[PDB]
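Engineer: Listed below, chain by chain, are the residues.
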Amino acid sequence: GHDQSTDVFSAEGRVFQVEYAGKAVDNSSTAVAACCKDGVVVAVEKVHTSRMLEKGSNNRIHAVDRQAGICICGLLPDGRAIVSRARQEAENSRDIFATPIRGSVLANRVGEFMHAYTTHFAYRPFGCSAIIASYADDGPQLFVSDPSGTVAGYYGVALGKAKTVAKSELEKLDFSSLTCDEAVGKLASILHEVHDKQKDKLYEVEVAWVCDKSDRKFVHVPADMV
Amino acid sequence: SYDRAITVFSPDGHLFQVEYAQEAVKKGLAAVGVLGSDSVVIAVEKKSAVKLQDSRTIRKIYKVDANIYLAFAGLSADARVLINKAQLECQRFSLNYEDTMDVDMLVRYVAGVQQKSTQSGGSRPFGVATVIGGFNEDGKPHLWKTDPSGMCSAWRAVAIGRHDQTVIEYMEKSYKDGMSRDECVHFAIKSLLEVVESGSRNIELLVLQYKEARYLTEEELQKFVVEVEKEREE
Amino acid sequence: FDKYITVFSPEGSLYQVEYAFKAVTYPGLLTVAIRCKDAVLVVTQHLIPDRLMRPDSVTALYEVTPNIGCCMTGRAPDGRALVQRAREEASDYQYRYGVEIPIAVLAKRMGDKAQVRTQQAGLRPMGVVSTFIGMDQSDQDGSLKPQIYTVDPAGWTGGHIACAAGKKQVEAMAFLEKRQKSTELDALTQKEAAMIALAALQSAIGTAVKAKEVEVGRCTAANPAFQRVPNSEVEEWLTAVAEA
Amino acid sequence: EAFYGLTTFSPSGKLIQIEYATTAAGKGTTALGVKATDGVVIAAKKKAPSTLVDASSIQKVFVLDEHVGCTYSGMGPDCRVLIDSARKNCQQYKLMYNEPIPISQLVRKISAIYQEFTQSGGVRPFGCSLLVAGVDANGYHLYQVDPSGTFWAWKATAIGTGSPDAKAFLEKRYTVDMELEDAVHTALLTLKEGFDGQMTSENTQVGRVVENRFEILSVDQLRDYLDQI
Amino acid sequence: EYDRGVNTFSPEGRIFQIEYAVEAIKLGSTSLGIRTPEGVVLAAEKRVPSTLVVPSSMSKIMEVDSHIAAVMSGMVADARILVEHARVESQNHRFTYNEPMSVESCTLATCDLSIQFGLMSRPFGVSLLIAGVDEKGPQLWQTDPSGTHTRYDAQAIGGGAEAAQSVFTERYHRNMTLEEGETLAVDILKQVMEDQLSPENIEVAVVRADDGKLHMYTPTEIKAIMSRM
Amino acid sequence: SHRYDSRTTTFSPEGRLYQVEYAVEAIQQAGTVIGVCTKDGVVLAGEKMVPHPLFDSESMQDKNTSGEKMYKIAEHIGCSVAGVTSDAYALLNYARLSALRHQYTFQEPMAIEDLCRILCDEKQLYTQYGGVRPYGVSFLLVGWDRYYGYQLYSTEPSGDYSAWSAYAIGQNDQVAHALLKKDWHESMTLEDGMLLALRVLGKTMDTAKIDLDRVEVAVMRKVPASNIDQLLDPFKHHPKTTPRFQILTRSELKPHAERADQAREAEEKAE
Amino acid sequence: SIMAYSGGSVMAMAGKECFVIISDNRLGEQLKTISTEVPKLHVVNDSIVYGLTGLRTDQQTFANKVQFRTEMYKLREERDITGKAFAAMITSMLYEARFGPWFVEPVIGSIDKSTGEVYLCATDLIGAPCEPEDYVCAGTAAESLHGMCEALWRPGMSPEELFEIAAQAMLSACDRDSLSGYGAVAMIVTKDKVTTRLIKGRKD
Amino acid sequence: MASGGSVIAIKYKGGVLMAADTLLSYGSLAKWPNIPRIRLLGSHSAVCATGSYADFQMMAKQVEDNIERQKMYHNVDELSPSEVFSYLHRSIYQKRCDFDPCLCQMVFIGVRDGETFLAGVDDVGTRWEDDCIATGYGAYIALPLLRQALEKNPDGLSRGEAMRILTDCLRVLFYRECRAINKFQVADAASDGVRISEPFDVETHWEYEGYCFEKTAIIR
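Protein chains in written order, with the UniProt record's numbering: chain A, 7 to 232; chain B, 2 to 235; chain C, 6 to 249; chain D, 3 to 231; chain E, 107 to 224, 232 to 342; chain F, 2 to 272; chain G, 2 to 205; chain H, 1 to 220.
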């Protein structure tokens with residue numbers, strides 16, 4: 007009975023319903039992201055169940071503002087809830103403060119929102135990690151908010167089922183030197199290596215960036231660079 | 002507000018909280034209603050007569066409006082609430098419609114409050130059945146029953162509380178239409194004594210005629226208990 | 006039945022509050038705070054095992070107001086949430102009274118907030134120990150004295166001369182008690198203090214620390230605003246510890 | 003958002019959560035109070051977990067208003083809730099009647115808050131007892147309030163850990179003649195009975211009701227009383 | 107039985123309280139409905155618990171409006187609630203659009219009240242049949258506790274329903290007269306009732322296509338049906 | 002959180018409400034209270050708890066408004082409670098406001114039976130709505146109104162209430178009832194009722210003599226009216242007598258307790 | 002004016018260990034007299050008496066609110082309210098209604114039963130107190146009553162001397178006010194004794 | 001109470017032109033003569049208001065945002081001009097229903113796929129579409145002239161003819177509208193989207209012989 011509600015600590019001060027939501031994210035399709043000096047690139051492997059989807063279906067990458075986006079990893083519907091909240095924060099920043107939301111701020115807001123659903127018996131934690139990619143006045147930034155609401159900045163990041171491998175491949179990259187052009191290639195390449203073929207037979211790799219070439223607008227990358 | 006769902010269906014279609022309210026009404030004191038030509042008779046069991054309860058007359062048949070009277074079985078305090086609501090409804094009604102409330106209208110209101118409480122989150126059902134009796138403003142007499150499910154029904158005679166169904170089986174056999182006042186009171190006393198022990202200090206009995214409601218004095222009642230207990234030997 | 010909700014056990018204890026205290030140590034990080042005659046320091050571990058994580062992005066130190074820092078130790082996002090609440094509390098207070106919230110009041114209000122989570126069911130206590138540091142003006146002379154107030158998940162608020170929270174908070178404390186029998190800690194200098202703090206951290210975690218594995222926050226009578234101490238200066242203290 | 007009650011009757015008729023809260027409230031450190039002909043004294047141990055706690059910052063005795071004070075045992079932060087409310091009530095009363103709240107009314111107000119947390123939904127009861135000491139038109143007073151919300155006027159008593167023994171020792175030494183110098187002396191002597199280690203003006207706090215006011219002794223004033231025991 | 111909250115799905119994709127509310131409708135007295143081009147017929151076993159009951163008072167068929175009738179099975183008091191809402195809705199429709207509500211629109215608005223449970234503690238343990246005549250001619254619908262209406266040509270609800278869906282499958286054609294319908298109705302009730310079918314034991318009504326009005330058969334007129342069989 | 006709801010307002014399988022049954026158990030643990038309704042007044046005699054020598058008085062200025070067992074609800078209404086004391090004070094305050102709201106609205110004393118219904122409605126509520134526990138309290142109310150004279154009701158945690166000529170709540174109520182049965186009659190003076198109240202109370206708590214320390218007595222009786230201020234409202238009628246709730250000091254009660262030792266000595270002679 | 006509609010005047014004055022409070026007796030609707038037997042004094046307890054003036058319905062309503070408050074006070078607190086509390090209370094009540102006021106103007110006299118300190122307090126309709134040492138007053142005849150009390154009142158009068166100047170003042174002033182009169186009722190309040198007196202006045 | 005004066009607009013073959021002075025006044029006071037009163041909305045539309053600039057600014061922000069967010073958040077085509085105009089009109093109406101009116105008259109232009117759109121909306125939610133539109137004194141002074149140019153060229157105006165007639169009206173507004181300045185911008189909506197011109201002035205004539213001192217003198 008220690009593990010049925012997120013309002014409860016176990017005897018070791020764990021919150022199991024959060025660890026469990028965590029597992030939802032780890033059993034999900036893989037995402038990676040890299041924060042360069044010219045921008046952020048985020049890529050994610052969409053696993054279809056049907057051969058008959060439209061290309062575009064179940065986008066896991068959403069813009070949240072002109073300069074920021076969120077790639078979701080885990081339960082896509084839960085993520086669209088976060089994406090909606092991120093968008094409300096971004097709008098608020100523009101409407102009240104007349105400034106684009108800084109990325110650290112956006113990720114904090116996202117984290118606070120996710121964390122809130124780990125405190126109260128009536129809601130459950132979200133089953134998704136959000137990767138936030140911003141390029142506002144704070145510069146290129148890449149955060150991840152996990153279901154606990156813990157938020158961390160990264161140079162590069164990998165989530166989902168192939169996360170342990172994808173991290174090994176992301177460690178081979180030189181983040182000080184790497185550019186958004188190169189990264190679209192590398193990050194996509196990485197998701198092709200770590201994809202398991204005999205399990206998940208149907209897959210595209212969705213990529214998005216926000217960078218100096220995109221006029222610091224967060225956008226899917228044209229499907230010529232992939 | 003606390004709004005958990007208290008009354009819920011169990012697997013075999015049943016609403017346990019309503020079955021258990023009904024169990025609380027089978028533990029309650031008997032009450033009996035009889036409908037004659039020009040009279041309704043409501044009679045109820047009293048708990049006994051310990052030398053300690055106030056020798057000032059406390060009625061266990063309640064007046065709801067001038068024309069309407071209500072006995073109950075089950076939880077006293079639930080009943081008291083229902084009755085207050087019923088009282089207050091009959092006034093609301095006068096006040097809105099000038100006319101006095103038909104009995105059936107009052108009964109339906111009460112039964113709806115009962116039903117409403119089997120479906121409101123936060124609340125258990127009233128554990129109360131009622132017998133309600135009276136005359137409309139047209140000289141027609143009525144007698145109703147509500148149970149805790151909120152179901153009402155008109156009867157020619159009826160019983161509620163302990164051994165309701167023993168008493169109702171009895172009454173099915175005997176009961177004739179178009180009884181007189183005095184045959185009604187007799188029939189009611191007779192019917193109650195199927196389950197109550199003496200007829201001494203443990204029967205209150207109310208007689209309703211168009212525009213006139215009158216409780217038997219303990220003396221008038223005892224002429225009827227002898228006239229009846231002498232007819233039970235045979 | 007009592008282990009999972011905020012009711013009393015038969016021994017008169019609140020399990021969920023005790024377990025919230027274990028959430029404080031679970032991460033494995035230690036924090037130490039210490040006041041000297043004209044400053045207060047808080048040192049917390051800052052462990053970035055992931056080579057790819059961006060060190061400047063993760064922190065357990067937070068400005069609450071310009072004159073109050075805090076260090077949260079425990080479940081990080083719960084700390085972040087308390088900080089938000091602190092911030093709100095501090096800002097509502099400035100609006101209502103026209104003055105910056107004194108740190109002992111802020112602590113007290115955050116203890117009230119925690120206490121509530123231990124008495125109203127179905128709210129999870131935040132599994133952190135909050136450590137606010139700041140200066141505090143005295144009514145006699147107007148001089149600023151340094152303060153360290155903790156708040157714990159039960160809502161127990163306290164002022165301290167030095168304090169540790171987190172993993173090995175006991176061996177850190179034991180070290181500072183021991184160093185408090187030698188010296189008088191409120192007559193020290195910001196250097197001698199930081200040395201003690203850092204040495205206590207080192208003793209407890211059984212290792213020598215490098216500068217980038219800690220993060221240090223400070224308020225001083227001279228400059229009362231709460232400031233992250235730059236690494237150059239933490240390196241120099243850590244050098245001063247390994248030597249003497 | 004939890005609205006069901008946590009404190010409920012049990013088949014013997016007991017309200018067990020309240021017994022447990024009462025257990026919690028006798029696990030504090032000792033506090034005690036002594037009423038005298040011309041005042042009241044309340045006194046508590048401040049047993050600080052470590053020497054690194056700034057003992058100035060630990061408050062076991064509290065002003066609620068100019069004329070009334072309290073101390074407490076059991077869970078500190080629960081008590082902080084009561085004290086905040088009691089302070090408000092003292093002030094609401096002055097705002098209304100422009101006189102100080104009589105202790106009797108104050109304690110009934112506290113009692114009531116405790117009772118709400120024994121019945122209201124979602125909450126557990128308070129795990130602390132209070133002593134409240136004060137002075138009004140009816141004179142000096144000293145009351146104990148428990149988590150049941152029950153309260154008692156006393157001439158002397160003690161709540162917290164060493165309390166059965168502290169009460170026993172107050173029964174002997176208490177006299178209805180007592181003046182306040184002797185009351186303090188007795189209070190401090192009673193603490194000292196069950197005190198592990200030296201008593202200091204650091205690890206003890208003392209409040210007195212004298213004349214028409216309640217005051218927490220300074221460390222200076224308390225040191226003069228602790229040099230005579 | 108409070109183990110599973112009321113909004114819970116079973117592993118087969120059914121909401122448990124709905125499946126249970128349905129189970130309660132199989133304990134009910136049999137009711138039935140037959141669409142004909144001349145009109146609709148509703149008939150109900152009254153299932154009175156005593157000869158002492160006044161049978162008009164246990165009315166399993168209810169005027170919703172001049173042109174719509176309903177007949178319940180299951181928890182009668184629950185049915186009174188739905189029919190009150192239907193009545194109100196049908197009348198709001200006349201008010202607002204100065205014309206009689208369609209039968210489907212009415213059934214919808216009665217299901218619109220049955221969705222509401224989490232508001233209502235539980236579902237209504239009631240199935241209605243709602244016969245009526247509007248512009249599209251005679252119609253018969255069924256509400257369930259799900260809130261799912263379903264137009265039918267003939268239907269039963271109640272303990273009867275399974276035995277009565279046998280008989281419809283054999284003897285019901287889309288083209289019968291109102292008298293052959295009355296007859297098939299009453300036949301079915303004779304066969305599935307516990308008691309002996311008598312003119313007070315049942316309730317029969319029709320909404321005639323020609324006038325579009327609803328007639329409740331008196332005991333007399335129900336004998337006139339039993340006559341020819 | 003719903004897994005931990007104890008479902009206080011549910012029925013149990015025999016149509017019992019367990020929380021109300023167990024509140025009653027809590028009341029049968031409490032200090033006994035006896036009430037005796039004469040025609041010269043009503044008497045409440047209650048068992049106080051054992052008086053530790055360190056108890057103080059609250060030194061209240063009005064001696065008749067409250068004691069340990071007995072409280073005044075209004076000039077004409079007193080009560081005594083058994084059961085969870087703090088619940089009592091919640092209700093008592095409610096009864097006080099109610100009686101004074103009645104007086105606000107009508108400018109006459111509330112009748113005892115209406116005060117009583119109000120009180121018990123407040124209790125019934127908690128047995129039906131709200132998912133919390135019931136008030137674990139039983140009153141004996143007493144008072145005087147022009148409708149019925151001296152009355153004495155008793156309430157239960159279910160919200161039921163009953164009128165009595167005499168009654169007992171608390172510890173050995175069954176035993177005390179049986180003893181009032183035998184010795185109550187319709188034509189008692191106040192002194193006779195005070196005696197009966199003490200003989201029974203002393204018989205239930207198993208004492209040779211009555212232990213003045215462990216007993217409180219209150220009396221509700223009519224006394225001459227003093228503050229007829231008639232120039233101040235000329236048309237207002239002021240009755241010659243008015244009800245008074247009185248709690249007996251230890252001294253006013255000493256005689257009546259001696260006089261009940263003497264009728265406990267003169268009942269062990271026949272044996 | 003709404004404050005003058007019902008007519009009536011009240012006045013209280015202090016002496017040595019006593020006060021007098023006095024009202025006229027009239028109740029009007031403007032110039033229509035409805036009753037000549039409506040003294041406006043209320044007795045709270047042995048040591049406090051107050052009078053209200055202003056719209057009669059509000060006098061009634063507010064006096065009833067005051068009697069709820071005071072009787073409740075006395076039960077909760079187990080003592081009599083004192084005039085300072087009493088007046089604070091009133092002031093509080095009137096100020097609750099600051100934005101939609103009770104059209105009354107209370108005049109409170111009280112005497113500490115021990116000391117013999119005497120406390121008078123009159124308030125405006127939103128509850129601003131006026132706690133002079135001499136005399137307070139309110140109502141339709143209030144200008145004239147200040148006239149008279151200024152003139153006649155002196156420190157340290159005894160119950161009797163104080164009664165005479167209260168009555169002469171109330172009557173002289175009421176004889177110049179159309180809306181106040183029909184003689185007066187007066188309560189003289191000492192430590193030991195309350196004395197009420199109905200005083201003969203003009204019938205105009 | 002910063003307020004903007006007339007706006008005028010006209011459809012030509014190919015597009016729409018809208019023109020306005022760059023001036024905000026405060027009562028009679030000419031306060032800021034360098035205010036870009038025309039504002040682009042989305043990729044195909046522009047809007048300009050007469051009346052309360054503050055209302056305008058809040059309304060135009062609401063609409064700009066709605067447009068941008070609808071498009072950034074859903075993979076949908078930007079709103080057309082009629083759709084934006086619809087939105088703005090319903091927005092303005094809702095405000096008149098709350099007694100919180102947006103106290104401007106606005107002209108709205110837009111082009112998408114060589115379909116052009118020109119409409120006017122007013123504080124109360126009146127709306128209308130025409131081949132020319134004006135607000136403020138534009139509506140009294142310039143509309144008659146613009147209307148006259150569309151009667152005479154029923155085949156549509158060219159851009160040059162349209163700009164010739166717009167300019168004629170600006171000049172007239174300059175002469176007869178008190179709160180005006182001779183500094184204008186003109187938005188041009190066409191296929192390509194909307195451009196706002198740099199501010200420009202029109203030539204004025206003041207040397208009619210009848211304006212001379214001797215003639216206009218009141219006393220000889």
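Calculated from the structure, these hints are not laboratory results. Among the clues, some could well be false.
To be verified - Which chain A residues face chain F? A few, computed with CB under 10 angstroms, are given here:
| no. | residue |
| --- | --- |
| 1 | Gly7 |
| 2 | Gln10 |
| 3 | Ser11 |
| 4 | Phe127 |
| 5 | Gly145 |
Claimed, not checked - Beyond 12 angstroms from chain C on every Cβ pair, some chain D residues (computed):
| no. | residue |
| --- | --- |
| 6 | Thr25 |
| 7 | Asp40 |
| 8 | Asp56 |
| 9 | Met98 |
| 10 | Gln107 |
| 11 | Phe128 |
| 12 | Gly141 |
| 13 | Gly199 |
| 14 | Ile231 |
The beta carbon of each residue, even a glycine, is placed where N, CA and C say it ideally should be.
Engineer: Now look at each hint and say whether the structure bears it out.
Structural biologist: Each hint, compared with the structure:
no., hint, result
1, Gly7, "7 angstroms, holds"
2, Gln10, "7 angstroms, holds"
3, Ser11, "7 angstroms, holds"
4, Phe127, "4 angstroms, holds"
5, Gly145, "44 angstroms, violated"
6, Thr25, "4 angstroms, violated"
7, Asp40, "31 angstroms, holds"
8, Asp56, "4 angstroms, violated"
9, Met98, "23 angstroms, holds"
10, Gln107, "24 angstroms, holds"
11, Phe128, "8 angstroms, violated"
12, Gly141, "33 angstroms, holds"
13, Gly199, "15 angstroms, holds"
14, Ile231, "27 angstroms, holds"
The structure fails to meet hints 5, 6, 8, 11 from the earlier list, while all remaining hints are met.
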